[PDB]
Structure formats: structure tokens, C-alpha cells
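Undergrad: Listed here are the chains, written in short residue letters.
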Amino acid sequence: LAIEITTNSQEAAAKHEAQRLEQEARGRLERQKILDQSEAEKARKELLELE
Amino acid sequence: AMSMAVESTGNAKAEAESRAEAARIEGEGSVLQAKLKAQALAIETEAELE
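Protein chains in written order, with the deposited numbering: chain A, 660 to 710; chain A', 711 to 760. A prime marks a further copy of an entry chain.
Derived from the structure by calculation, the hints contain no laboratory data.
The reader is advised that the hints may include incorrect statements.
[Claimed, not checked] For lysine-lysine, the following DSS-like pairs were computed, each having C-alpha atoms within a straight-line distance of at most 30 Å:
| id | chain 1 | residue 1 | chain 2 | residue 2 |
| --- | --- | --- | --- | --- |
| 1 | A' | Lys723 | A | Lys704 |
| 2 | A' | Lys723 | A | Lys701 |
| 3 | A | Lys692 | A | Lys674 |
| 4 | A | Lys692 | A | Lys704 |
One chain only, chain A, in its complex shape:
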């Protein structure tokens, strides 16, 4: 029993890392999205004037 809870604490801590990596990965991705959406507005407004 003293071995299986350490492997559970192992995989739980391993899950916590991958669960953290999930957040911070999509977190920077979200900033890339807002940035790419911003560049679209810089050109869309220019297009809207021509439109």
C-alpha cells in the first residue's frame, strides 16, 4: 500500500504539471489570438474605408 500511494502521488503530481502546462500553453495562445485579431482590425478598418 505504501508503494501505490506514491505512484498515485507521482501520477497526480504528473497530472498537475500537464494540467498546468495546458493552462499556460493556451494562455499564451489566447494572447496570440487577440494579437492576430488586432492586426485584422488594423486592416479591416482600412478596408472598411475603401468599402
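Could you slot chain A' onto chain A? The hints should help.
TA: Relative to the frame of chain A, chain A' by itself:
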């Protein structure tokens, strides 16, 4: 929001610019029409005055 601003103004003013531009044709037209109507009534009402 700058795209939202140029969207509303540029679109709505262009519609309001065309109707005013069309009204200018009626204004210049009505002047020439009333000027022609003057002759129409002048020759009508003066020649029939005899």
C-alpha cells in the same frame, strides 16, 4: 471601435449624401422647370388676354 466608428459614419453619411445630392437635382430642376413654366403661362395667359 475605430472600425465600428468608420463603419457607422461612412455608411450612414453616404446614404444621407446621396439623397442630398438627389435633392440638388430637384432644386436645379425646379428652377429650370419654373423658368419654363413662366414662359408657358406667360404665352398662355398673355395671348389669351386678347
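Undergrad: Each hint should be assessed against the structure and marked as holding or not.
TA: The hints, checked one at a time:
1. A distance of roughly 17 Å separates the Cα atoms of A':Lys723 and A:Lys704; the hinted pair therefore holds under the 30 Å criterion.
2. With a C-alpha separation of about 22 Å, the suggested pairing of A':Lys723 with A:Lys701 holds against the 30 Å cut-off.
3. For a cut-off of 30 Å, the pair hint linking A:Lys692 to A:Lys674 stands: about 27 Å separates their Cα positions.
4. For the given pair, A:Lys692 sits about 18 Å from A:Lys704 by alpha-carbon distance, which is consistent with the 30 Å threshold.
Figure legend: structure checked against the earlier numbered hints; every hint is met.
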